[PDB]
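There is one chain below, alone, in structure tokens, taken in the form deposited in one PDB entry.
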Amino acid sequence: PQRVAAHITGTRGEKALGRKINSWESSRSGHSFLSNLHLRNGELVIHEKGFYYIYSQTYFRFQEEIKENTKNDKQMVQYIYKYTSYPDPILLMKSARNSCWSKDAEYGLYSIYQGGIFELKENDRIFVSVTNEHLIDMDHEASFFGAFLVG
């Protein structure tokens, strides 16, 4: 009960790159929980200041067809931002992958995971942003967002 951690998952649904994932939710059926943190507009809100190991896995998955009059190269990027007592969001972590360039490519499977420790104040907000949101697979075992006090 005095444990400070969170792991949230979803289901399909400004000043930051990409688009903010806001379809996260807390439910035991999707293996998600909140303990001394809460969820609001897709952001995890910090209660206790300290060092947090923050992480996210975003599953890019598509069954593409080389769309004629279109370049097909995809930049799949996951951004982890924090809103602190500053007007603009501050980027903490970013991880990227480019899709295979071959014309023979029939589909793509790109699970991106990153994590790191960042000091967070009380009432700081952390969120995940991604490019190509329409290719994200929101199955709870595939895409998630979490954090835990590491000091």
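Definition used throughout: the rigid core is the maximal C-alpha set that superposes within 1.5 Å between two forms. Shifts are known only where both forms have a C-alpha. Residue numbers count along the first chain shown, from 1. What changes on going to the form deposited in another entry:
- Only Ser26, out of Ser35, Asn98, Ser26, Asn123, shows a C-alpha shift of 2 Å or more between the two forms on alignment of the rigid core.
- Put the two forms on the same core and the Cα of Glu68 is off by 2 Å or more between the two forms.
- After fitting on the rigid core, stretches of 3+ residues whose CA atoms all move by 2 angstroms or more between the two forms lie at 26-30, 67-70, 101-103.
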Contents of the next structure:
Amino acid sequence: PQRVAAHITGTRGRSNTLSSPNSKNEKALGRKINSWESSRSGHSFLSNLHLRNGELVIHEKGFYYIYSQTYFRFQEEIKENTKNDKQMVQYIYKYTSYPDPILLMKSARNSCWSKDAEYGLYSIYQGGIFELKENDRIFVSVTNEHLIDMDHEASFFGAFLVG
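Structure of the form deposited in another entry, given the form deposited in one PDB entry:
FYI, this one's just the chain on its own, none of its partners or other molecules.
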């Protein structure tokens, strides 16, 4: 019967939307990815869930497997004495009827090499099941948001009703 799921992706070039009205989180670490596309496309969709300011809004209470892949892709030209060392972290949060956002999951990678290193490719995927109440909101936040490659096959965010 009625399907409850979503899969939304980066907007490639439009990469980041935000603008002046934008939208944010709070005591949340990193920076909220706010540019997911909000409508049907041949690679994304929303069924019984909708998007608001980069956050997926729950309509039906339940157990949801939530996941996200965020591609950190960067060319780097270091210099003299070090200062380069990146922590690439993907956070998945929820806003419930509580003032502050509550972390559900984090996944991290750190750059390695240094000096003698031309570039870095780090796709981070994580997922897991959480109970959510109607109107709970879930979003993704990341460190070094400027290194995220938002092509749609690369970075995405989704969830579906479990059981």
